[PDB]
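Asker: Here is how the chains run, residue by residue.
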Amino acid sequence: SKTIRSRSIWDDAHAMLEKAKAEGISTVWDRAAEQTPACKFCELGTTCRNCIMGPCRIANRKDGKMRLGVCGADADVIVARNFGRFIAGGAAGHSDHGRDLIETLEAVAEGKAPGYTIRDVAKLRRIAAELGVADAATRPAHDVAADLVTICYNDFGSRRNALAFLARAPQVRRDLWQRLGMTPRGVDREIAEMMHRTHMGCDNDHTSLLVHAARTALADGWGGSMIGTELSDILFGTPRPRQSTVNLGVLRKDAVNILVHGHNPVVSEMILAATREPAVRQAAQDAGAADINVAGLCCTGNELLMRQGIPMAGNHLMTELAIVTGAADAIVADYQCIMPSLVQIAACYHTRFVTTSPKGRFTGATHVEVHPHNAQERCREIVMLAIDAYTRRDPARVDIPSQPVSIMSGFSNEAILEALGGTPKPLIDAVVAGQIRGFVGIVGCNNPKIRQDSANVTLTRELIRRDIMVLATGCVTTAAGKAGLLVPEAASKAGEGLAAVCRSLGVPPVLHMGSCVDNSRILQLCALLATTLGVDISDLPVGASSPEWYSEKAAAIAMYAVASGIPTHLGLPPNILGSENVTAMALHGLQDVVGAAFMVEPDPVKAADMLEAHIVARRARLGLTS
Amino acid sequence: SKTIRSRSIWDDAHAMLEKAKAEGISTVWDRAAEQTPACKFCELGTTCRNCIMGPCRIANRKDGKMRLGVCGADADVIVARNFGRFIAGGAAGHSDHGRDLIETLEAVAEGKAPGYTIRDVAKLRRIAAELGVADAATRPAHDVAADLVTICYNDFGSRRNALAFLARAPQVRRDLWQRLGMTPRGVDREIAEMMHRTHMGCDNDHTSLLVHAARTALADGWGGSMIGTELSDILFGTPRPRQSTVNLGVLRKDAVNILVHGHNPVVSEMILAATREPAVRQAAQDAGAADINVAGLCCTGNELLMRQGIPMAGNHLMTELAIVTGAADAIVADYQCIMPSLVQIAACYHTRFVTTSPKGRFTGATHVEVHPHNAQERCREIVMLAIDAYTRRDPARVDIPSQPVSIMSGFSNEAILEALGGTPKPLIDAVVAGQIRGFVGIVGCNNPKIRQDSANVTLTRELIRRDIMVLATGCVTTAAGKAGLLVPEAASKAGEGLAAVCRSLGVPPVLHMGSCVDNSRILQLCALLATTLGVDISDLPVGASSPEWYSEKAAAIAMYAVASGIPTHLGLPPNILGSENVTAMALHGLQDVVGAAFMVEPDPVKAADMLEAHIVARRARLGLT
Ligand code: SF4
Ligand code: SF4
Ligand code: FES
Ligand SMILES: [Cl-]
Ligand SMILES: [Fe+3]
Ligand SMILES: [Fe+3]
Ligand SMILES: [Mg+2]
Ligand SMILES: [Mg+2]
Ligand SMILES: [Mg+2]
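Sequence order for the protein chains is B and A. Residues in the first sequence are numbered from 4 upward in steps of one, following the deposited numbering. Residues in the second sequence are numbered from 4 upward in steps of one, following the deposited numbering.
Hints were generated in silico from the structure; no laboratory data involved. Just so you know, even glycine gets a beta-carbon here, dropped at the ideal spot from N, CA and C. It is possible that part of the hints are untrue.
What the hints assert, rightly or not - Keeping only pairs whose Cα atoms sit at most 27 Å apart, straight-line, the calculated DSS-like set for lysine-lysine is:
| no. | chain 1 | residue 1 | chain 2 | residue 2 |
| --- | --- | --- | --- | --- |
| 1 | B | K68 | B | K43 |
| 2 | B | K24 | A | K65 |
| 3 | B | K5 | A | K68 |
| 4 | A | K65 | B | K452 |
| 5 | B | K452 | A | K43 |
| 6 | B | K22 | A | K68 |
| 7 | B | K43 | A | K452 |
| 8 | B | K115 | B | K126 |
| 9 | B | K5 | B | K24 |
| 10 | A | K452 | A | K609 |
| 11 | B | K496 | B | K428 |
| 12 | B | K5 | B | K452 |
Unchecked claim - Label-pair distances were calculated between CB atoms; the ranges are:
| no. | chain 1 | residue 1 | chain 2 | residue 2 | range |
| --- | --- | --- | --- | --- | --- |
| 13 | B | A587 | A | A140 | 54 to 64 Å |
| 14 | A | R142 | B | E380 | 46 to 56 Å |
| 15 | A | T369 | B | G592 | 18 to 28 Å |
| 16 | B | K5 | A | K43 | 29 to 39 Å |
Make a model of the complete structure from these sequences and hints.
Answerer: Right under this line is the structure:
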C-alpha cells in the first residue's frame, strides 16, 4: 500500500502498519494526521500561557493589534521564553536520569542495593581521581565510590562555580563560557533559573533568554548526561565492541518476550538478571516457553545493547508496532518517550504494561515500583508477571514480520582508544592526512512528520560516502543498524579514505556510541581531540545532526552541542519561526557567540552538503592541506 | 469615562487612566481587551506544545478525532502537565529569590559584601539553633552565619529527605505528606523533577502529576519562600509595627522620586541606603529637589514597608499608572511581575528604567548589574542617574493625583507574639471565646479580568465584619491600605469580637504580614498554632484567598496552602477546566487527601460565605461554638 509505505522505509514497520489497520488499532501516524493542521500560533511559538492575564497570542498586523501580550511582552520574548522552557524540559529529563545513577552508586557504597555492584572498579578509580578524590588509586572501593557520590551530588547543589566534568573542555572554551555567562554551575539550578526567567516580568530580553538556554543545556551535556554515562559505566561495565541484532524479528514466537522501554539501565539490567535465575527460567519452561527473551526499545535498549549485546527491537516509531506483533508478553517501562498509547494497544492483546518509576506513572498500567534496595526482588516479580502473560498469548494474532540483521555496538571512548592502540594519535593522523575529513554525530529521534528513518539513513549514507565518519546514538542507532551500516563490511559503502581507516581498525564506518545520555561521550571525545591539538572544539572538523527529532531532550542535546562549538543540523524547526530575531540568533547569530549555530534543513542530501561545508571550513582553520 | 471607571475602584487609577488616554499611552487594560476573546484551547488547558510531534489540541468532535495528542496523551494528562509546569514556574521564582538571600548572607559571612550586615543577630542565632548549628548562641555571629548558609544551601541540594524548615509543621502533617509522597526534599530538585515528569512519555497519570505539583509547591512555601523570609529578617531586620502611607500621592513633585519595583530587598534596601548618604542627598538638592523620595511597588515595596516604613505607591495594576504621573525620575527593577510595557512608558517621559539583575533583562533598559560585592557602589550610581533624570522632568506632564492614605505595617510573627505578650495564648483564648472566629490570609495579585481591587477590598471588609481576622500580603496590601483597613482605628470596621481584641492589643483587624514570600510567615503561624493545640493545620479555623490572582507564583502559593491544610479560594479559574477530572481533583478530591481544597468563586461576598463555612465547620470539630 502506498499510504503505508509512505510512513516508514522499513518492511517490519509496513507489516505491522498493515496489521494495525486490519485490527482497528490507531497509531502515532493516525493521531499525527488528526492533529494536522496544527495551531498556527502554537507552531510559530507566538502563544503564551504563562499567567492568567492571558492566555495571549501574538499577530503581525499592520494596525498593530495583538502585537504584545497583556503584560507587554513581544513576539521575541514570548518565543524565546517558550523555547527556554522547552530546553529546560529536556535538560530535566537528563538531570533526573543522572541523579538516579548517583543514588544507585550511593546505595552500592552503603551496602544497600542487593544485586548491584561496582562492575568497573578501574573506571571508578580513574573517574574519582580525575575529579579530585584523594588516594583514589588505593583506598577501599566503597570509600572511593562514596567520595565520588559526594562530588556528583554537589553538582546537583547550588554552591559550585562550574560543574565537575566541565574541566574536560579546553581552557579556551571554558574561558569563553565564563565571559558569556554560560558556564553551567548546577544541574538542577540552571533548570530552576530557566523557569524563573520565563515567569511573567522576569527575563524580557530574547538574547539573555537564549544565553541561559545554552547554560541550561550545557548543565545537561556536561552534568546530568555526563554523570549518567560515567556512573552507568561504573555500575554496569564500560562498553566494548560486540555483535548483536536489530528489528522486530528479535522477538521469538517460542519464548517469553519482555520488551524493556524507556531510559535507565538501573531497571533494565536488573530485569535481565532476573530472567537468568534458574527458578524463573523453570517457570517459563513450565509455561511451555523455550527461553525468556529480553529485547530493547529506545534508550534503555541502547544501554543493554552497549553493555550486554542484547538485541534491539526498535526505536521510537517502532514502539507501538512491537506490541502489534502479538508476541510482546510484557513491556517494562521506566520513564521518557513512552507513549501512553502503548497502554491502550497492550490492552488489545495479552501484553502486560508494567511501570517501574514513581515518575513514570500511566493510568491503567500495572505498577511494580523499583528502587535500588528492592530491585532484585521486584524485577523477579515483573518477570513472573511476563511469564503469566505469556500463558494467555493468542497464537492466531502473532505475526513477527522479519528476520533480524547483524550490528556491532559497544564503541565507548575507552573502546575507541583501545582500537587505536591507547592514544588518539592514529585518528588525528588520519584526519590530518585527509583520509577522514571529519566526524558527525547523528543523534536523536523519529517524528511522524518525516517518513520513518528516511532522513536518518540517507544522511548517514551521504556522510560516509564523503569520508566523514558517523557516530550514532539514540534512535538513529536502530536506523543505521537496519540499513546494514553498523558492521565492518559496511566500509564498502564509505569513501576510499574512510573505508581504508575502517578496514585497518576492523570497525564499521558508523560507530554506535550508545544512548542519548551517551552523547556525553561525543562531548568527551571532542574535548579530548581539542585538548590534544591545543585548539577549541569550535576548531574541530565535527558536526551533529538530528534529522528526525521530536523531543525536548533532543533540543537540549542540539543546544549543548552548539554551545560547545559543534555545528548542529535539525531536520525540522523548533516552534520558533514566529520570531525572526530568535530564528536569526539560532541560525546565524550564535556563530559569533559560541562559534557554532543551528541549521534547519529537511532534505538530508542538502544537510550533508551543509555539514560537509562546515568541516571544510574547520579543516582550513586548522591549516590542513589534504 | 465609563470604561475607565470600570477598570478600577480607585480615584488615583482613574485619574492616571484619563491621563494615559489623553496622552495616547496604552495600558495593560487595553492589551487585555485586544487579547479577548482568548484561544479556547489555551484557556481550557487542552493544548500541548511539549514536543514537535505536536503541537496538539484536544477537542470534542462528533467524529471522535483529536481526543488524544500525537503521543496518545488525553485531556487529563495534558491539563495536569500544563498545570504542573505552571506551578513549577511559580516555585522557581521563589526558589531563586531565596537562593539570592543565601548568597548575600554568605557574602556577609565572608566579609565580601560592603554595606550588608547581620541586622538581626539575635534572630540569626535563634534560626541557626533551630536548624541545628552547634553553639549558635555563643560563637561569633559571622561563624554562625556561615553554618546557617550551609544548611540553607543543603536544601538547594539533592541529599535531603525533607527540607530543614519542614520540622515546623506538626507531626501529623509530616506523617501525612510522607505517606502521600508529598514531602518536599530539595527546593530545586522538585522543580527539575516536575519538568522531567511533564516531558512526553514520562508522567501520564493526572493524579500523580497533581501530587507532585503539591510537593513542588510545598518546596516553595517551606523552602524557597521560608528561607527567603527568614534570611531577609536576618540581613535587614525583623519587621515591627510602624506607620506609613499608600497610593500614588506618596510621590512628591518637589523631590527626586525613585520607584523600586520587583521583589528582592537585597537591591531595594541598598537603593534606600544610597539615597540616605549625605553627598547623594546634596546632589539632589543641588539639582533643585527638596529631598529624595523612595516609593515602593509590588513585593519589594512590601519589603521596604515592613522593615523601613517606606511608603508604597501601588500594586500590580498601578505600576504603569505610577509612571503616567510624570513624576517618576527612575524605576529600579530586579525581577518578577515587572511588565515590559514599563520600558516603553518610561520612554514617553524622562524616567530612567534601570535593571539590576542578570535574570531580569529588558531590551532597551539601562542595565546596572547589582551583586553583593558591588551593591553599595552600584546603588549609589543608580541614585545619581535618577537625580540627573530629575533635572529633565517636564513639569507640564506631572499630575500626582491623590492624598496618601495612612497604614500600619510590620506584622511579622515576632511582632504578633510580642503584641500578645510573648505566647499565642491570648490569641487561642480569643478563638475559643469566639471573639475571633478564624483567620484568613488574603494574598496575591490584581488581574485585568476583575475591576482592580474590587474583590480584594470587598472580601477583606466582609471577613472582618464577621469577626474573621485578615492577614494581608502581596498586592492585597495596597488594596487593604487604600481602603483604610490597615490602621488600629479600623477596628471600627470589624465585628464586635474582633474589634474588641484588636483594641485590646492595639493592632488593626487586617495585619500586614509582608511580601509574597512572607506567606511563609502564615505557614509558620499556622504550624505554631497547630503544634500548640496538638492538632493538624487542617483542623485550624483558617483559610486563604487570592480574589484577583494572575501569576504562576500565586498558583504555587495557593497549592502549598491547600497541601498544608488551608482551604484556599481563587477568584478566577486556572487554565484547567478542559479536564473535568483535574478540576474535580482541585475542587473536591484534594479535600479527602490533604484536608483542604481549592475553591473558585468570582463573587467576593459568596467567597466570604464559603471561607466562613469552612471556618465554622472546623470550629465545630475543635468543640467550639
Ligand atoms: S506572561 Fe504576558 S504574554 Fe504570557 S500569558 Fe501572561 S500576560 Fe500573556
Ligand atoms: S507531548 Fe504528546 S500531546 Fe504534547 S505536543 Fe507532544 S505529542 Fe502532542
Ligand atoms: S492552542 Fe491556543 S494558541 Fe495554539
Ligand atoms: Cl566550583
Ligand atoms: Fe532518545
Ligand atoms: Fe506578588
Ligand atoms: Mg539511598
Ligand atoms: Mg559569593
Ligand atoms: Mg511514591
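Asker: For every hint, state whether the structure bears it out.
Answerer: Consistency of the hints with the structure:
1. With a CA separation close to 17 Å, the supplied pair B:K68 and B:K43 stays within the 27 Å bound.
2. Our distance criterion of 27 Å between C-alpha atoms is met by B:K24 and A:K65, whose separation comes to about 21 Å.
3. For the proposed pair B:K5 and A:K68, the alpha carbon gap of about 23 Å is at most 27 Å, so the pair holds.
4. Taking the CA atoms of A:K65 and B:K452, the gap is near 26 Å; set against the 27 Å cutoff, the hint holds.
5. Using a Cα cut-off of 27 Å, the hinted pair B:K452 and A:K43 holds, with the two alpha carbons roughly 26 Å apart.
6. For the hint pairing B:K22 with A:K68, the CA-to-CA distance comes to about 21 Å; that is within 27 Å, so the pair holds.
7. With a C-alpha separation of about 26 Å, the suggested pair B:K43 and A:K452 falls inside the 27 Å cut-off, and the hint holds.
8. At roughly 21 Å between alpha-carbon atoms, B:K115 and B:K126 fall within 27 Å of each other, so this suggested pair holds.
9. Straight-line distance between C-alpha atoms of B:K5 and B:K24 comes to about 14 Å, which keeps the hinted pair within the 27 Å bound.
10. Distance hint between A:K452 and A:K609 is fulfilled; the C-alpha atoms sit about 18 Å from each other, no more than 27 Å.
11. Note on B:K496 and B:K428: the hinted pairing holds, with a Cα-Cα distance of about 25 Å set against a maximum of 27 Å.
12. A C-alpha spacing of about 16 Å is found between B:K5 and B:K452, which places the hinted pair at or below 27 Å, so the restraint holds.
13. Restraint check, B:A587 to A:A140: a C-beta distance of roughly 60 Å satisfies the suggested window 54 to 64 Å.
14. In this structure, A:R142 and B:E380 meet the distance hint of 46 to 56 Å, their C-beta atoms being roughly 48 Å apart.
15. A:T369 and B:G592 have their C-beta atoms about 23 Å apart, which keeps the hinted 18 to 28 Å range intact.
16. Here the CB-CB span from B:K5 to A:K43 is close to 37 Å, well matched to the stated 29 to 39 Å.
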